[PDB]
Amino acid sequence: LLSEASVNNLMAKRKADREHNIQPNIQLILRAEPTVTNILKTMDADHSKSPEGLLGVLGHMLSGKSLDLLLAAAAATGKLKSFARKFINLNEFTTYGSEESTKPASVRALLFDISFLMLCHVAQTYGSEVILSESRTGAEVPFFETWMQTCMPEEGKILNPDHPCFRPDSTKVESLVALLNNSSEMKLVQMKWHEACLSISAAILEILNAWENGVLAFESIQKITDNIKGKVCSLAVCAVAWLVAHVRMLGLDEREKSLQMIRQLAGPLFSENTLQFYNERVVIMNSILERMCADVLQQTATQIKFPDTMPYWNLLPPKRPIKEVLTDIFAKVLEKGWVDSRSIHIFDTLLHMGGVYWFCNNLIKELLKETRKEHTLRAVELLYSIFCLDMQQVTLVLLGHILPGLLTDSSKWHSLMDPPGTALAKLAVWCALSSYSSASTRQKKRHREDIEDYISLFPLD
Amino acid sequence: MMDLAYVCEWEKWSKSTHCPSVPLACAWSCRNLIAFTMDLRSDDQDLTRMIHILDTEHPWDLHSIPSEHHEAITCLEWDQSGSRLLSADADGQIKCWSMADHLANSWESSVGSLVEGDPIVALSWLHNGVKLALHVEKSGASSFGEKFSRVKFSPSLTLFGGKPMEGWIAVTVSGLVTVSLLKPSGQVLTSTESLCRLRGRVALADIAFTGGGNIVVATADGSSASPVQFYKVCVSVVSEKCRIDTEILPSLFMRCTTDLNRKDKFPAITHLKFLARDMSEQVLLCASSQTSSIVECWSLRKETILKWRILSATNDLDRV
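Here the protein sequences line up with chains X and P, keeping their order. Using PDB author numbering, the letters of the first sequence correspond one by one to residues 372 to 391, 402 to 688, 693 to 823, 828 to 850. Using PDB author numbering, the letters of the second sequence correspond one by one to residues 12 to 314, 335 to 351.
These are calculated hints, taken from the structure and not from any lab test. Ideal placement from N, C-alpha and C gives every residue a C-beta, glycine not left out. Among the hints, a few may not be true.
Stated by the list, open to error - Taking beta-carbon pairs under 8 Å as the criterion, some of the chain X residues facing chain P (in silico):
1. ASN541
2. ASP543
3. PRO545
4. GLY632
5. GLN680
6. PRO703
7. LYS704
8. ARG705
9. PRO706
10. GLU838
11. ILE840
12. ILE844
13. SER845
14. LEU849
15. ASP850
Claimed, not checked - With a straight-line cut-off of 27 Å between C-alpha atoms, the simulated BS3-like cross-links for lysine-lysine are:
16. P/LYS252 to X/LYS708
17. X/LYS553 to X/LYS638
18. X/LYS538 to P/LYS158
19. P/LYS284 to P/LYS243
20. X/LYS834 to P/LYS276
21. X/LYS833 to X/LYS708
22. P/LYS274 to X/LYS538
23. X/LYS538 to P/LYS243
24. X/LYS467 to X/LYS446
25. P/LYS106 to X/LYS708
26. X/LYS704 to P/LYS243
27. P/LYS106 to P/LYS174
28. X/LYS834 to X/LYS467
29. X/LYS430 to X/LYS568
30. X/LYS833 to P/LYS276
31. P/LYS252 to X/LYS704
32. P/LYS284 to X/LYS638
33. X/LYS538 to P/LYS276
34. X/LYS638 to P/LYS313
35. X/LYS604 to X/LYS573
36. X/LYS834 to P/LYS274
37. P/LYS284 to X/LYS833
38. X/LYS750 to P/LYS106
39. P/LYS194 to P/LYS106
40. P/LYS243 to X/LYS638
Assemble the whole structure, with the sequences as input and the hints as a guide.
So, in C-alpha cells, the structure goes:
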C-alpha cells in the first residue's frame, strides 16, 4: 500500500525522535501467524492421519499462551470460523474411535481432550455462534454441536435439563454408575465417547442419589472421584456439567451437599496417571470450569479453587435500582472525550435485561438539560453509536412511540429548541438512512421469541 | 336461562381509533357498584385513565372520577367491603379511595403509595378470616344456623386481640416486593425488599393467602425456558418494620413441550393466576398464540412435597 521511497526519510526522522530479553508480542504474533496457517492447513489431513507427529508438534508448541497466539490471529483475520468448522469433524472422527492398543488409544483420547480444550475457551470468550455451523446435512450430526447447545450454563442463559436429550436412556447409566465403583477404566481402546458423555449426566444423578441415601462408603466415592480425574479428566468435566445443571432447580438449602462431589471433582490435581502433558491440561480446564460454573458460584456462596482470563463479568450491585448506575456512566464517558471498552460490557447486560422502551425514556428526559450546542452534540454522537448497538429496533421505536410522544401535548415541545431539536433531528436522520441501507449474539437471542401486532399499534390511518 | 338486561351508551363517545388499544379490567364493590374504564384517545390521556361508577338502578347519572396517572390502569379491584379501591398501574401511583359523606356520586383519596422505576406484576389486600358455608342441601333446615355456619379460616396476623391487621402487598415486575399496612392509628407502615437474589423480568404473577397469615406467590418470566418459581411470605414486624423472610417452594416446569412434537407453539405465556383469591394450590396457566390458546390447571396435592399436576382441558379455544 505504501512505497518505500517515503519510508526511508520517515525512518531517519523516527530514529532522530527515538534518540531523544523482554520480547514483545509484536514479532511473537508475526512469526506465530505462519505457524497458525500451516497448523490450520495440516489439521485438515490430521498429519496424514498420523498422530505421533501431531503429538510431538503439540508438545513443542505448548508454551505460555500458545493457544491464545492462534485464537487472536484467527479471530483477527476472521478465519476462526474455519478453525471451529474443521475441529468439529475432527471431533466426529475422534469420538467414535477405531481399533488401537493402549497408547494409540491414549493419543486418540488426548485428541478428544485437547481439541475440546482448544474450543471451550472460544465458546466462553468469543461467543457461541462462532462454533456452530448451523447447517449439517442428514442424521449424522456432530457430537460437539449437540454438546454445544446443552452443556454450558451461561451467565444470561441457564439450561432447561428436563429435555429428552438430557435423558436418553436409563439402562446404560446403570452400567456407567456400576463400572465407576470397581477400579480404573482400562477400556478406552473402544469406548464411544459420545455415548459415555450423555450417560454421565444421569450416572451422576444416580451418584447423588446414592450419596444422599448414604448407603455407600464415602471413601469409595472418594476413590471414584479421584479415578475419573486420573487419565482423562473430560469425563470429570461431564460429571461437573450436569451437576451444575441440577444445582439450579434445587433450592439454596439443597445445593451445598452435592458440591462435596464437585469440590472433589476439580480440586487438587491427581498424579501417577500422566499419559503426557497433564499439568497444563488441568490449568487450561480450570479456566473453562471457572466460567461454566460461575452462575452457580454467584448463587451458591462456596469455593472450589480450581487452580485470570476473567475480563468482563458481574461487577453490578445486587440490590440497587439500575437507574442511577445506568445514568452516571454516560456523563463520565462524555467528560473522558472517548468511550471505554470496559463500559461496553457494562452497558451490555443493562440493555439486555431492562427493556428498551424504558431505556429510551430515561435518556430522553436527560437530553433536556443542555444549552450548549457542542455539549449536547457530543452526547448525541455518543448516543448514535449506543443506538447503533440495536439500530434495527431504535429506527422503529424512535419513530414509533417517541416522536408521537414528543408532540402530543402542547408544552412538551418547549424542550424542542435550537440545540436539542436540531441535534435530535440530525440523530434521527443518521439512523434512518442507515436502516434504509440495512452487532452481538445477544441481540440475536433477544429478538427471537417476541411477537408484536404492529397493525394494532399503528393501523396506518 | 340467560337474559340480557340493557346497554347504556353515551352519544358521540364510541369508536376509539388511531391508538394502540389496551386490554381492560373491571371491578365491583360489596354493594351493587360497578367500577369500570375504557380506552378512548380523544385529545387527552385521562380518558383512558378515567373511572366510571354506575349505581344499579339509574345507569344514566354516572359518577365520574378523573384519576390522573402517568401510565394506564391495568388491574382494577375494590375492597372486600365497599369502602376502599385500588387502580393498579405501572411505577406505583396507587391510592386509597374512601367513600365521601354517604352520597352516591362523591369520592376522595388523599393517601397512597408509589414505587419508582418498577412496574407491578401482582397485588392483593390483607385477610379478615371471616367466612361462612352455604348449604343448598339444607334448604329444608328451617334455621339460619344450619344453612349458614362459619368455617372459621384463620385471620391474618391478629395483633392486639383477634382483629386481623389491615393492609396490602404487591410483587413488582422486577425482583422486588412491597408491603403497606395501615395501623390501628392513622399512620401507615410501608416496606420494600428484594424477593430473592435473582432480580428479573416477571411477565405474570399471582398472590394468595394461606392459613396462618402467610402468603404464597407465583412467578412467570415469559421466556418459555425458565422454571415457574414459588415463594413464601413470612410476616414479622421486628419492633420498627416488617422484616419478611423469603424462601423457595418446590416449583414446577411446564407441559406440552417435552412431547417433542411441537414445543415452540404458543410461544409466550399470557395468563397465570390462582383459581381463587386467598388460596394457592390450584393454578390456571394459559398460553395464547396469534391463533388459539391452551389452558392448564395445576394442583399442589402432596404425592416432591409440593408437586403440581394437570386436571383437565376442553376441546378447542380461541384467543382469550
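Problem set entry | Hints not upheld, ascending by number | The structure breaks hints 8, 12, 14, 18, 32, 37; every other hint is satisfied.
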